[PDB]
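Reading through the structure tokens given below for one structure.
It is the complex with one fewer protein chain than it really has, and the rest are unchanged in position.
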Amino acid sequence: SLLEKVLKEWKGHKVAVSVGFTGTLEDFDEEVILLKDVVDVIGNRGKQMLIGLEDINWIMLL
Amino acid sequence: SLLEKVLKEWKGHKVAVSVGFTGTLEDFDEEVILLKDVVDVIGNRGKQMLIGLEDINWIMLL
Amino acid sequence: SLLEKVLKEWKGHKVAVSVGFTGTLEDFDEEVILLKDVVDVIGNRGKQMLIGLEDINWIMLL
Amino acid sequence: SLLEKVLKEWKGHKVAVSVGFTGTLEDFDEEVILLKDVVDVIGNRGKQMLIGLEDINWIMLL
Amino acid sequence: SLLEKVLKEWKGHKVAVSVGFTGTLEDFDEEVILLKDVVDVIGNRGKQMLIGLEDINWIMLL
Amino acid sequence: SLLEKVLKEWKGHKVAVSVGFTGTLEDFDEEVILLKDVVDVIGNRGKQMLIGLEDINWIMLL
Amino acid sequence: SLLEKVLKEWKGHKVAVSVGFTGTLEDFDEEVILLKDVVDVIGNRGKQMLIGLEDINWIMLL
Amino acid sequence: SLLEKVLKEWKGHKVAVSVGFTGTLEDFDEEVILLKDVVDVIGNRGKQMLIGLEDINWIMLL
Amino acid sequence: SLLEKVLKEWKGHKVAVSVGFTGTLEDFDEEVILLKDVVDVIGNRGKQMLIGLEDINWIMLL
Amino acid sequence: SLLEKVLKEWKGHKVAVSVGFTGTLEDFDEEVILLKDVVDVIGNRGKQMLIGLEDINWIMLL
Amino acid sequence: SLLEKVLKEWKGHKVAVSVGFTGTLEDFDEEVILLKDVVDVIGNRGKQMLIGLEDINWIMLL
Amino acid sequence: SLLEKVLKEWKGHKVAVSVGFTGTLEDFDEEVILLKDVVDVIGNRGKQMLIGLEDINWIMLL
Amino acid sequence: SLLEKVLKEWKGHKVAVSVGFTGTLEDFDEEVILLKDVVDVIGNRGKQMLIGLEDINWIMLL
Amino acid sequence: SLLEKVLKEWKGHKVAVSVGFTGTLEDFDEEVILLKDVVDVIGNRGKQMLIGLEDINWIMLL
Amino acid sequence: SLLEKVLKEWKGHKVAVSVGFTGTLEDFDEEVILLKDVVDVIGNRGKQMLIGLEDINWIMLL
Partner (left out) sequence: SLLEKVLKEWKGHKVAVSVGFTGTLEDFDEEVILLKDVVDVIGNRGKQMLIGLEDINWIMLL
């Protein structure tokens, strides 16, 4: 998948995501992605974060 | 599933969840997750909470 | 099902439900839940209530 | 079917419905329910009313 | 079907319909209903009207 | 006042109103209008009705 | 005021109100109205109720 | 007023109005406009219509 | 299909349609319908118009 | 003010309020009201609560 | 007023406008502006158009 | 398909499309349509445009 | 002001505020309130916070 | 005014604006600002543009 | 696939997308498209961007 290909490459890099938040992309598979070091514009938000691809509009590398 | 793997690791830890609240990820499976000691900002909300995964935006380990 | 198991456990007890109200979880199954003695922030609402699992956000035990 | 079982016992009695109205439950099956002598807060609403269960949030025995 | 049964009986009678209008129910099948003499509160609207059951919330006999 | 002048002549006659309902125009002044024998598409709506002109979009002689 | 005139006359009578509920109109002045015996379609709601004229769309006598 | 002048000019003529319909600009003033013989994409709507200038978006001459 | 039957009869006649405009039902099939001489209230809108049935609320013969 | 008069009488009694919660009307004046022992359906929400009148839809004595 | 100055210069030229359409800025004053040869994307919409400034987001010289 | 047939017919010609713009129907198939030389009420928008049939309301020929 | 008096009383203490967050009411006046050590259901949010009384729904003391 | 001061300085520079678009700020006064060379992400939009300060959320220098 | 065929030829060129952003089309397949050097009206938006075709309204060659 172009999606597998790219997400492999993006693994390690800070990314922004639209669900309907930013942080480093720790891992992913066909149903979810997982983020480390998650921040909002005001501060840190959580060690990790799970998000399903179903509810994801776009992902963007920083 | 990265989902299974991660939730296993998160089991016991305080987590926040988005549907459309925070507590301890007591337990889970494919269809639902179960929170313990669910609080809101104002205070406690209730001894436990079931939540369907189909309506979960994102879960986040604090 | 974590859902069957926990619901078995909560039968008898007061619970809050968000659909899209609180009362005693009288009974349930794969499709619906039956509440008994239903209250609202203003007062009584009904001897009973049927609710489909499909349109429930979360059920919470008090 | 908890739903069937429960709907049997409510037949004859005044009930309330959230769809997306109150009146006596004439009949029901899998697809729809039929309400007799439907009423609004403001007054009557007409001899009968069909309602498909798909768009029903909850029903409630008064 | 309770729905077939009733709509047969309601055929001939003025009815109101919620799609997401009133007039006499001329005919129906599993996918549509057809109305004659359609009025709004301000006046007549159209000799006939087709409406699919998919987009119909409730039907009500007058 | 075109508004006064015109409302005089419509007094007695069935009218329609958009507020944010149809029935006979009993009376009016600067602040409100009074409608008699108010009607809905679905049926009657009650002996009378006050309506403040501020929230009225248009009125219409039928 | 046509509004004073009518509300005097309507005093005693059950009325419906649109704010943005029904019951008997116990009293009113230029800023508020007060209702006794307030009901919704499901049941009683409260001995009394205050409502400011600012947020009232229409009032209707039953 | 460019508004008075142009309205004087358009009296007699068909016009469309957006509030928040089309018909002949029968008359007008500082507060309202009176339309005569009012039509909708489906047909007639009313012998006449009153509309306040406050809630009109644009008036257009055809 | 009552739908097929009726649309056949309506073919040639001016019709109004709701999606989310009026003209002559030129032709149709299962997936779409085709309008000719499509006008709006303000005027003509265009020589023809295709419209998918899946997004049609109601069609109405004028 | 009927408002002053009534709120005086209601002072001490449990009341529900709409802004956009229930408790004891502890005290009030022109600009605000103060609730004591404010609960929601799920439980207690907080020792006290101020609320501006400008944003109050309706208050209701239970 | 920069507004007066600019609109003077724009008088005669094709302009687009946002309220909540494009044509020639025929004329204007404090309360309103007047467009000539108002077209939309699909075609012509009407000989002229008045528009109140209070409801204008932005005007733009093409 | 009435859709294939009519689209074959409209290839070459200017058309308006509502999604959820106007230009020449350059080409199309079962899934998408390709527009060439795309215009908006304010001006040009693009050398070309791809659009999925799924999210089109109506296509109209000018 | 019931508002001044009660705010004097609550200075020092944790409070929840709804605007359109919780923290210590550090200080206040006729126009605004200053919060210190601000928390959200997920965690810290800021050393401090300013908020205008105009856009506050309710302030509540915990 | 801090607002006069800054807008003087920003005159000449490309800016973005939120009304409820970007280009160079040609001039301004207490009621409006005027933009030259206005672009959207897709292309140019208009030689100039007027926008009233009333409907402007923020302005931002680039 | 008109979609495939057309996307090939646009590869390398700056494009615009409506999702629910502009930049060079790096690659694509059935499930997603990849945009390089993504840009906002206000400025850059980050090295790359994945977008799933499901939530794409239209794409547009500039």
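The chains carry the letters A, B, C, D, E, F, G, H, I, J, K, L, M, N and O, assigned in the order they are written, with residues numbered from 1 in each.
One rule holds in what follows: contacts are C-beta pairs under 8 Å (C-beta built on N, C-alpha and C of every residue); 3 or more make two chains touch, one makes a residue touch a chain.
By the touch criterion stated above, the residues of chain N touching the omitted chain are 1-3, 6-7, 10, 16, 53, 56-62. Taking the complete complex into account, residues 42-46 of chain O touch the chain not shown.
In the full complex, the hidden chain is touched by chain M at residues 19-20, 27-29, 31-32, 34, 38, 45-52, 55.
The rule is short, and it goes like this: only the chains that are shown with their structure count from here on.
Steps from chain F to chain M, minimised over paths through touching chains, total 3. Chain pairs L-N and N-O differ in how many C-beta pairs are in contact, and the one with more is N-O.
Annotation: the H-K interface is duplicated by A-O among the options A-O, N-O or L-N, judged by over half of the residue-numbered contact pairs being identical. With centres defined as mean CA coordinates, chain G is found 19 Å away from chain F.
In chain A, the residues that touch at least two other chains are 45-46.
Interchain contacts give a graph that is no line, ring or star and is not complete, per the touch definition above.
Contacting chain pairs (ordered by label): A-B, A-M, A-O, B-C, B-J, B-M, C-D, C-G, C-J, D-E, D-F, D-G, E-F, E-H, E-I, F-G, F-H, G-J, H-I, H-K, I-K, I-L, J-M, K-L, K-N, L-N, L-O, N-O.
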